[PDB]
Amino acid sequence: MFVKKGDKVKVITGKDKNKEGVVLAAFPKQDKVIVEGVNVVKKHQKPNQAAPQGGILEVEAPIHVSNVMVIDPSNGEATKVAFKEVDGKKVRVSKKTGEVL
Amino acid sequence: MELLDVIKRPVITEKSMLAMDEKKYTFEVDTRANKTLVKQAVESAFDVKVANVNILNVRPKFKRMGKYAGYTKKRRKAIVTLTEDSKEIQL
Amino acid sequence: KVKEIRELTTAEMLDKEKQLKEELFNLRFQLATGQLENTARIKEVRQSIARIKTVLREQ
RNA sequence: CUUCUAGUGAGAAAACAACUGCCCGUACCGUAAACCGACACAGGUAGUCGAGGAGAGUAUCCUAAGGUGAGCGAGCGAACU
RNA sequence: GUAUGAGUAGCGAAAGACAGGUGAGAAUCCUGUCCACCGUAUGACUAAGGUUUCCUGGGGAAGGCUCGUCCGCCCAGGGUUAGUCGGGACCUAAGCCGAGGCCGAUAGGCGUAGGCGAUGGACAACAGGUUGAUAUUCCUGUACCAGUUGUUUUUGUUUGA
RNA sequence: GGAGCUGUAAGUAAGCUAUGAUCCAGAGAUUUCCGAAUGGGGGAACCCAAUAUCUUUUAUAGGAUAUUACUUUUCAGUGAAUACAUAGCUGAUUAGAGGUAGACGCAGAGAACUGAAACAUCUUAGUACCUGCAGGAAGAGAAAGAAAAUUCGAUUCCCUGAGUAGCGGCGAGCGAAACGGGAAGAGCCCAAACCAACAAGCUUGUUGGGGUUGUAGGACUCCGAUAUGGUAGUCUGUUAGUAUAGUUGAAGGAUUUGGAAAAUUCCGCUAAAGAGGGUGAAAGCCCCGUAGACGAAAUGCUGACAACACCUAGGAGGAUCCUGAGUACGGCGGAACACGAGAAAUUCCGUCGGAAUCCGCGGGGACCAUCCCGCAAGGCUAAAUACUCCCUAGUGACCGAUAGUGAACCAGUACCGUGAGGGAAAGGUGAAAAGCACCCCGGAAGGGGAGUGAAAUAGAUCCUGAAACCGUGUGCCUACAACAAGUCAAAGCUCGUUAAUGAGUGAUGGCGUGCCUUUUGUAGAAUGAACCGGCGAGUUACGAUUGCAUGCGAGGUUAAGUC
Ligand SMILES: [K+]
Ligand SMILES: [K+]
Ligand SMILES: [K+]
Ligand SMILES: [K+]
Ligand SMILES: [K+]
Ligand SMILES: [K+]
Ligand SMILES: [K+]
Ligand SMILES: [K+]
Ligand SMILES: [K+]
Ligand SMILES: [K+]
Ligand SMILES: [K+]
Ligand SMILES: [K+]
Ligand SMILES: [K+]
Ligand SMILES: [K+]
Ligand SMILES: [K+]
Ligand SMILES: [K+]
Ligand SMILES: [K+]
Ligand SMILES: [K+]
Ligand SMILES: [K+]
Ligand SMILES: [K+]
Ligand SMILES: [K+]
Ligand SMILES: [K+]
Ligand SMILES: [K+]
Ligand SMILES: [K+]
Ligand SMILES: [K+]
Ligand SMILES: [K+]
Ligand SMILES: [K+]
Ligand SMILES: [K+]
Ligand SMILES: [K+]
Ligand SMILES: [Mg+2]
Ligand SMILES: [Mg+2]
Ligand SMILES: [Mg+2]
Ligand SMILES: [Mg+2]
Ligand SMILES: [Mg+2]
Ligand SMILES: [Mg+2]
Ligand SMILES: [Mg+2]
Ligand SMILES: [Mg+2]
Ligand SMILES: [Mg+2]
Ligand SMILES: [Mg+2]
Ligand SMILES: [Mg+2]
Ligand SMILES: [Mg+2]
Ligand SMILES: [Mg+2]
Ligand SMILES: [Mg+2]
Ligand SMILES: [Mg+2]
Ligand SMILES: [Mg+2]
Ligand SMILES: [Mg+2]
Ligand SMILES: [Mg+2]
Ligand SMILES: [Mg+2]
Ligand SMILES: [Mg+2]
Ligand SMILES: [Mg+2]
Ligand SMILES: [Mg+2]
Ligand SMILES: [Mg+2]
Ligand SMILES: [Mg+2]
Ligand SMILES: [Mg+2]
Ligand SMILES: [Mg+2]
Ligand SMILES: [Mg+2]
Ligand SMILES: [Mg+2]
Ligand SMILES: [Mg+2]
Ligand SMILES: [Mg+2]
Ligand SMILES: [Mg+2]
Ligand SMILES: [Mg+2]
Ligand SMILES: [Mg+2]
Ligand SMILES: [Mg+2]
Ligand SMILES: [Mg+2]
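Residue numbers (the entry's author numbering), protein chains in the order written: chain X, 1 to 101; chain W, 1 to 91; chain 1, 2 to 60.
Keep in mind the hints are simulated off the structure, nothing from the lab. From the three backbone atoms N, C-alpha and C, an ideal C-beta is built for every residue, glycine too. Errors might be hidden in some of the hints.
Unchecked claim - Straight-line alpha carbon distances no greater than 16 Å define the calculated EDC-like cross-link-like pairs of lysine to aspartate or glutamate that follow:
hint, chain 1, residue 1, chain 2, residue 2
1, 1, 19, W, 2
2, 1, 19, W, 14
3, 1, 17, W, 2
4, W, 87, W, 47
What the hints assert, rightly or not - Each pair of labels, with its calculated beta carbon distance range:
hint, chain 1, residue 1, chain 2, residue 2, range
5, X, 27, W, 77, 26 to 36 Å
6, 1, 43, W, 1, 16 to 26 Å
7, 1, 23, W, 84, 21 to 31 Å
Stated by the list, open to error - Here are some of the chain W residues that sit facing chain 1, going by a computed Cβ distance under 7 Å:
hint, residue
8, 4
9, 9
10, 10
Working from the sequences, and respecting the hints, build out all of it.
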């Protein structure tokens, strides 16, 4: 996937549009990703998971990868990603600035 | 087959524990292993002396989960009785 | 690992295979009881034996 | 299996002690609710044992050992079958 | 797919009664007592066949012609121990296969040697005990059959057992 | 290739991974048992052996490894009746067995229903089935040919000839070929004469040379050339390309509705990319892609280059020799040729008889003469052609869950049958499980709240949710009535619409025997339908003919095929 675990991304579509967060987990097979504090859901858990209250837990659910854009770390803006080989290493580059990653 | 491959695992059940009290131990063994081979394998593995080995074949047992039904794998059970004046097998 | 195996000699390889077989035997017994914790160790040992046999055959 | 020689032959026999002896089946039903009959079906299913009184008898009636009370019942006590 | 017939036919040979218990719930499950039925069987063993239906602990959706707390049902564990029993490492009958071989548009048909093939022949262990479930299989006691090693004892080593 | 991964498949549990995992492609290792199954046996996936080596035990028992089927080829040794021999036997060696792709090819064997309006000749049909052999294609193929325009020059296949010539109880039907136009193209080897050698018994077999044909060729004898060209050969390399993973690959933000924007609106931008798919609704610019550019360690495939290899002679003479024998051909009996014995050639099978050989032989549809054409009884040969179980990439005025494969789903399954064999049903929550924590009735099931959600009358029997069928509520009517159940007329009561000389119900009165099929005639006591839903019957191809229409018009038009 053009996005990777731990990247800073911007949500471009969905109820959480314009939110930003770090990628907590990636699912290449599903082409989905989890962004902290994004797409939070209330889940009615039984107390069977070492939680002696069950309660209504809050957890981020995955969103489709195409609904996010990687944050240009040097500029802080969302950008599309090109692939340029630098020093013999294939790396991502911000099309808006040319910055790496 | 390799002697180490002859014996698969012990059998722990109420019947097998009662047998242990009499100094006979139950092992699942390769289905192609004859009791003479089982005797040799037990001796090499545990340094004990075997008095007798009683072998029996456990038929595959029918099981089913949800829409699917099949049979557990067939097993071969051998009850090995050690001689007196012999070390016990520790499990 | 494969590098270590290739370094070993033939007799060393055979003895290492015997030790691995005995270790696998003990693992089976421990799993049958509740005495085994690192269950993945069983597959690791099986793969190690397979590697040694493959190297032996490729000598 | 027992004998006979032909062959074969440097070891034999006895007692004693210790020791060795593989694979497959072994559960359960089996004049049946588990088998053959689409059924937990008044049918069919080889062989063995199969007691006592009266009795020729395994007939017959009532019983022993043993097994069972039958997988819809409660009333009413009409026609009709 | 759903009606009508219709809440109708039927609920598949026969005796059950009550007390107590269990349980949300009992004519139907458990226990007890009496009563009743089969008894050349409806008892006890076995072969085939079935293939886990066996035992233990749970369950009451569906199956059980009612009910169900229960089941040959569902769920989870567990249960079949052999030198001597039956079969194989023994023998053959009918029949079958069949090296070569004979015959034949093809395919193949037939058949010798040789084999296979029990329902038959041959063949060494019984009594008691034990488990919830196995027992001539496990255990106790006392045996037998085939063979190996070894000690001892006799006797034969090539006119040689 | 570069960050997660340990399938479906959640859940734990334990782990792996930048020392590069998972994953993708090439190559290789392992690959139990059954199965042709092949050490022997056997009721497939099991049992029991022999030999040799090794292994466990003090030792027997036990374990591992290798070999051990049958037939064929070649070789060697042994070796009967029997003397030599041969046969048998043993060993070694050799290559076969079996399965397919329900397709395509060739061959052996070979139906019936059906058609003929019956039926036997005939037709179905050399079809279906069975069996053998195959190859990627097969078969055919290098003229004893087609012809008679005078010529053509192997074979195959397409168009055309043509529904013609013909065959046919001259019925029903069956039905060519040549010429012409195309696809593709390629020609070559032996036998024999004769020569050299070898061996035995002047010939006679082996070997090598020789030679290959119809305007006759060849031997043989003379001459002259030792070249010139070609190939349908090779796990021979070298090289290129290609197949099997991949890398790169442009351009959008806002505003309105919304749970969510890709939709709306406003300004932009990209395009060798506006194919397509996905993304919370419909995206050229968010993602995967596409246009385009680039890429292979390894292994195949193709093509070139080279190498090696194999073929490749001209002229003149005929004195003599050779040029395919139990053959061609004939009688008898069948069969194939469109041709059914017919006037019947030509081809083939069985049986019997049985030639010539260059002044020779065969054919030109009985047969003969003349003329023309060819040279059998030996072999091989690519391309055009047929088919698709499979693999890769796509396409569709093809299906869209009773359709489309029987099978969108764990289907040749469940189930049925002794067996061959027959053979189903069954797709959809939501964008995301966020799959209803907690509380309440209840033993549970199931509900009511409370929550999630845009929506729960989307709650897992989950999208939509028709009709039959079942039930609750009620506005009108109904217990003196004989009813194909309606329609026409109508009081009363109730209600107020697509606002229309409205709607529901309806006392009462008039008239009035369903629908369909099949019949001279059916309410019919003739047939069919239990009801509801879905599915369910004049189509297509090739020809004939007519009408209409268009183009051209004494002309009209191309077919195959090439791009
Ligand atoms: K038993
Ligand atoms: K008596
Ligand atoms: K009696
Ligand atoms: K009952
Ligand atoms: K009554
Ligand atoms: K009566
Ligand atoms: K009904
Ligand atoms: K009814
Ligand atoms: K119970
Ligand atoms: K036995
Ligand atoms: K017997
Ligand atoms: K076989
Ligand atoms: K095919
Ligand atoms: K016929
Ligand atoms: K007819
Ligand atoms: K050919
Ligand atoms: K025609
Ligand atoms: K006719
Ligand atoms: K030549
Ligand atoms: K998107
Ligand atoms: K799109
Ligand atoms: K290559
Ligand atoms: K003819
Ligand atoms: K001719
Ligand atoms: K000719
Ligand atoms: K809905
Ligand atoms: K109503
Ligand atoms: K009326
Ligand atoms: K009638
Ligand atoms: Mg046994
Ligand atoms: Mg028993
Ligand atoms: Mg019965
Ligand atoms: Mg009685
Ligand atoms: Mg009635
Ligand atoms: Mg009854
Ligand atoms: Mg009687
Ligand atoms: Mg029971
Ligand atoms: Mg129970
Ligand atoms: Mg019930
Ligand atoms: Mg016996
Ligand atoms: Mg035979
Ligand atoms: Mg034969
Ligand atoms: Mg006996
Ligand atoms: Mg018992
Ligand atoms: Mg790698
Ligand atoms: Mg075999
Ligand atoms: Mg006819
Ligand atoms: Mg081939
Ligand atoms: Mg792009
Ligand atoms: Mg726009
Ligand atoms: Mg003919
Ligand atoms: Mg003839
Ligand atoms: Mg002729
Ligand atoms: Mg000529
Ligand atoms: Mg060809
Ligand atoms: Mg279907
Ligand atoms: Mg539908
Ligand atoms: Mg179907
Ligand atoms: Mg709705
Ligand atoms: Mg619905
Ligand atoms: Mg009146
Ligand atoms: Mg009235
Ligand atoms: Mg009539
Ligand atoms: Mg009817």
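How about residue 10 (chain W): closest beta carbon in chain 1 under 7 Å, or not?
holds (5 Å)
With a cut-off of 7 Å, does the beta carbon of residue 9 (chain W) approach a beta carbon of chain 1 closely enough for the hint to hold?
With Cβ-Cβ at 4 Å, under 7 Å, it holds.
So, as I understand it, the hint says residue 4 (chain W) touches chain 1; can you test that by seeing if any CB pair is closer than 7 Å?
With Cβ-Cβ at 5 Å, under 7 Å, it holds.
Could you see if the CB distance from residue 23 (chain 1) to residue 84 (chain W) stays within 21 to 31 Å?
holds (28 Å)
Under the criterion that the straight-line Cα-Cα distance not exceed 16 Å, is the pair residue 19 (chain 1), residue 14 (chain W) satisfied?
With a Cα-Cα distance of about 34 Å, the restraint between residue 19 (chain 1) and residue 14 (chain W) is violated, given a limit of 16 Å.
Next pair to validate is residue 17 (chain 1) with residue 2 (chain W); report whether the Cα-Cα distance is within 16 Å.
holds (15 Å)
Hint check: residue 87 (chain W) vs residue 47 (chain W), CA-CA at most 16 Å. Holds or violated?
Distance of about 8 Å is within 16 Å: holds.
Given the hint of 16 to 26 Å, check if residue 43 (chain 1) and residue 1 (chain W) actually sit that far apart at their C-beta atoms.
Distance hint for residue 43 (chain 1), residue 1 (chain W) holds at roughly 19 Å.
Distance restraint evaluation - residue 27 (chain X), residue 77 (chain W), Cβ atoms, bounds 26 to 36 Å
violated (46 Å)
Given the hinted pair residue 19 (chain 1) and residue 2 (chain W), is their Cα-Cα distance within 16 Å?
With Cα atoms ~10 Å apart, residue 19 (chain 1) and residue 2 (chain W) stay inside 16 Å; holds.
In terms of the numbered hints stated before, the structure departs from hints 2 and 5, listed from lowest to highest.
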